[PDB]
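Presented below, as structure tokens, is a lone chain in the form deposited in one PDB entry.
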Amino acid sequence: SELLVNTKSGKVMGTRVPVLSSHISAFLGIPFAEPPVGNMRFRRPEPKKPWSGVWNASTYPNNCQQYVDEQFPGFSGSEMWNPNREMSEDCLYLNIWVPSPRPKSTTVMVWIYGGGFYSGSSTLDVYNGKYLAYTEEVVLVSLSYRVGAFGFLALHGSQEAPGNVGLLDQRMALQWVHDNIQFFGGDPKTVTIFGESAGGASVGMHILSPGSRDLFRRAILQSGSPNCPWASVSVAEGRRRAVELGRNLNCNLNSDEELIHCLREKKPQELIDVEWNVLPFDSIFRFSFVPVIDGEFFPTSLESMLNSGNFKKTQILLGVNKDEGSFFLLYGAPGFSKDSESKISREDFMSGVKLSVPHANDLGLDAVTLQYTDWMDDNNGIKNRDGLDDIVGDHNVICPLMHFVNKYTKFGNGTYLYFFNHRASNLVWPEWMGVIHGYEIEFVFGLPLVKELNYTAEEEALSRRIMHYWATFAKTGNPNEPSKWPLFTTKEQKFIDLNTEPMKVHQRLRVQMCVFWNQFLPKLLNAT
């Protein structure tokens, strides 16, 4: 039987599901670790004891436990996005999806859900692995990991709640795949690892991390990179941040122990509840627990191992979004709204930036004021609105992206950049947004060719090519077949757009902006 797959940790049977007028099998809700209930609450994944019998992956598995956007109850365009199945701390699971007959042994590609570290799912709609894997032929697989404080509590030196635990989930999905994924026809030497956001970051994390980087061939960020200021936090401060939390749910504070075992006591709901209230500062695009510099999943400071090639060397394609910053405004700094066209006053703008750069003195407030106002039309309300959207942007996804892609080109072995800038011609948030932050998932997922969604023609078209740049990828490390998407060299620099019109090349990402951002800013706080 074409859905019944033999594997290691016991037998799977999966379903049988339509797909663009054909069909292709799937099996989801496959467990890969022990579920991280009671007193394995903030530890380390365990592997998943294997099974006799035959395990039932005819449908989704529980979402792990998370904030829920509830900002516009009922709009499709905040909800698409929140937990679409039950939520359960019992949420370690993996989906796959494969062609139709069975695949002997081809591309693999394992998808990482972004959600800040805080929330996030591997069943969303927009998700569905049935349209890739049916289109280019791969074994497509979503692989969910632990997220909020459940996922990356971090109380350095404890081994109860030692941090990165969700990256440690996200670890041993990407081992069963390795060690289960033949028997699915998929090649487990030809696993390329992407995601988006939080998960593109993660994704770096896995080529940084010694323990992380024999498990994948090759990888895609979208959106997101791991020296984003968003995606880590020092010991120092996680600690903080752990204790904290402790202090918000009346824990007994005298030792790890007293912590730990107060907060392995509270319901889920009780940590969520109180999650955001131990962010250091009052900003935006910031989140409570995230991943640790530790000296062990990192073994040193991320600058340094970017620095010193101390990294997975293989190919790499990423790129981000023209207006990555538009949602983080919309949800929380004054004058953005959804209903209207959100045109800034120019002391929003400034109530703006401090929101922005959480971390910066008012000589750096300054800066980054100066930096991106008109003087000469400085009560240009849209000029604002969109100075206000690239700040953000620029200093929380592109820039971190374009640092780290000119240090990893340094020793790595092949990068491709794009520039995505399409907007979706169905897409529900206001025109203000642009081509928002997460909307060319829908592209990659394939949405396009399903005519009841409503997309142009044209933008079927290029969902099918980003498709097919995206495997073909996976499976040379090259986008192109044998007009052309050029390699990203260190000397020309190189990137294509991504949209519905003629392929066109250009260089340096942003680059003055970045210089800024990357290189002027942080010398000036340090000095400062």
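Positions refer to the first chain, counted from 1. Rigid core: the largest C-alpha set superposing within 1.5 Å between the two forms. Compared with the form deposited in another entry:
Here the rigid core is superposed between the two forms, and of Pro188, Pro358, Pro268, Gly414 the C-alpha of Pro358 is the only one to shift by 2 Å or more. After superposition on the rigid core, the Cα of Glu258 moves by less than 2 Å between the two forms. Comparing the forms between the two forms, the C-alpha position of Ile284 differs by 2 angstroms or more, with the core used for superposition.
Can I get the form deposited in another entry as well, since the one above is the form deposited in one PDB entry?
For this one, just the chain is written down, with no partner chains and no other molecules.
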């Protein structure tokens, strides 16, 4: 019986699932860790105590306790990201989609969701691995990890809440795949981890962390890189924010043991309800609890590590989307709404730059302004809107990622870079949002292959090309089958376009703006 598998942790019973007029196996809800509840909250995950009896792996598990977006109640565009299961602190589970007939030892892809480290579930319809598993004969895993305070509260020094535990959760799921994936027909020596948003940052962080390097083969990062401004904080700032969280909940701030015991008493929703209140006011596009450069998971600064070659050397495939900033502006910069064209005013354009760079003086702001202002027309609302869109994009995702790929390529064993700029025919978000942060995921997981979803036939083509590049890379370290996506080299910096037009290669992705963000601006803020 395919639906029955015996793992090092216990027998597991999966279920048969329909897919594109066929069927495959799916082991949903397998536990890889001990519920991080009660006195466990904020602690490193503990591995799941093995079990006798068969484990029902027929249905999706709970989603982790997280912030739920209600900006647009009922709107599909935003509800597709919210948890679609019951939220609980007992949420450390992974899912497996195994081809049928079960393979003997095939390519494994492990998905790490994103959500800025404050949100995210592995059970979203956009993360249904059945299409990719089926269309590409790959074993697909999707893991889960604690988010928000629950997975990132950091009181450096304490062992009750050292921080980064959400990343350890991830690592535990990865350890589990290394130890049992063979029983489902996956080859542990060929697992590719891939993620988008905080998931891409997370993927990058296991490339850096020595303790994670040996649990996977290759990596794929989508619109996220470890060095992104929103992905990490110092132990100093983490502690600052952790204290501040107790201040919001009326906790004895005497000692860490005290702090933690109160925080541990509060009901989940209580920490969620005040958790955005610790975010300092000069961090409008970031979230409160994120990975900490703690000296253990991250031996030194990400920058020195990137600089010295201190990281796993393998092949990597990463990329970004056309309009990375629209999401951030929509949810965090006034003047941008879901239903207007959100045209911006010169006066207001500048409050957005001031808003997207508090760490800058009237000189650094001028510098950003001069760089994104169109001096002959400048009173144009659209251009101003789009200018802010690019600023927030370039600064928060694209340029950090380009800096990472430039550094990574120096020591790596093959880099592949993409620029996804297709606007789905059925997008429910407005025109001004463009190709949105999060929207290449649909195509990577092959939702276009299902007619009910109203995509164009060519979009079914794009998704199929992407799914095949993704899986072919996972299987070989090269997206191309033995019309070629060229390696990204330090010299020629080539990359491709992912869209419906026929593939075209380009060079030096947003170099101009990224040389500004990466090299110039820093030197200037420092030199002033």
